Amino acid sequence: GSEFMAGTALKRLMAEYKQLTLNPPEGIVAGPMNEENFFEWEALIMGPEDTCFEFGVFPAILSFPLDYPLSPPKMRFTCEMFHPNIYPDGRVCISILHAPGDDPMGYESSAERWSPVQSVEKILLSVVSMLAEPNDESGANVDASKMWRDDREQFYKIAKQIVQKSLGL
């Protein structure tokens, strides 16, 4: 079949890489984890500056669909994390990573959802902001949601643990 959409996705991905290379954004680093496969990217998220996740170095994997940029990639942290918006297996669940009207009724579905005008940079950018600002309204991690809403002081405690664990301590 016309692996034309795949080829287009590839070129789109190369373009975004070129751009991240010549115009790197702060606290982010991402790129194919192997030249041979531009659909599997490795990334590093640095913990937001004055947040409970500061000084943390969180690696992640972005897997891009063959129809990119029509659909968003899947993003999964590779280290341990404790966030309301992150699943047990590392999967990141935020609006920009869901197809418009993907599912789960959304008003703001209209603007904060995936679209060809988005980019891995913007994705990574919002994930960073996700770290710096949680939203207990994401059953990704029930325990993290409950804790953040109820006992937040303990949340900050476990978060600092997450950072240390990422540092290899």
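Positions refer to the first chain, counted from 1. What we label the rigid core is the largest C-alpha set whose atoms superpose within 1.5 Å from one form to the other. Compared with the form deposited with its partner chain bound:
Compared between these two forms on the core, the listed residues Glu40, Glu112, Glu54, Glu121 keep their C-alpha shifts below 2 Å, save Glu112.
When the rigid core is held fixed, the Cα atom of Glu133 travels less than 2 angstroms between these two forms.
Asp103 is among the residues whose C-alpha shifts by 2 Å or more between these two forms once the rigid core is aligned.
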Second form
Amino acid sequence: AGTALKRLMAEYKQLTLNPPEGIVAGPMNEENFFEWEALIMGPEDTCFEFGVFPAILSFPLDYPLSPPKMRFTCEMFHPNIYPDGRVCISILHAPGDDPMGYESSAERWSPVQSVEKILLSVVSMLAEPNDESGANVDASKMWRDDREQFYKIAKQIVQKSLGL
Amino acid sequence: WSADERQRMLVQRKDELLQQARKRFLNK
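Having displayed the form deposited without its partner chain, please output the structure of the form deposited with its partner chain bound.
Once more the chain from above appears, this time first in line as the rest of the complex follows.
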């Protein structure tokens, strides 16, 4: 097995052994460890509380040297999530001379990170709509100019994810 | 565990996550 396969099996074992609260993640099929499905719950007492949000994680051949791609498959409305579902946060951006508008030498991906860490960071991102990427310009603007409406939309996003 | 065991547990954790979230949302 290549380095990538080794690391990914190792990470998954730790996840199955000690399941993280509010986060479920693993390969859709163990014949291909490079494609995972993840489910994360919006943290209690935040505007996305109890939403259940599915995402696909696609890992590069050179993992963990490069980060996975992560895309939500459900409807979302958040400053750091593109209209297509792609999650844009500094920790998922490969170190490189192209800020892609993140931050002052924003914290990039490193092999120190892990799937558990990416997912916990995304959970935090939901709880703390931290406009670092302006991925959804409309959500960015509303978070800034009409917070109370943003909260309204967020509960709708929750209800939709629950199928209610 | 086997892969089959792991895959089944995963599907189960996912169903249960959604069921408990729904309960907490409706309970609130």
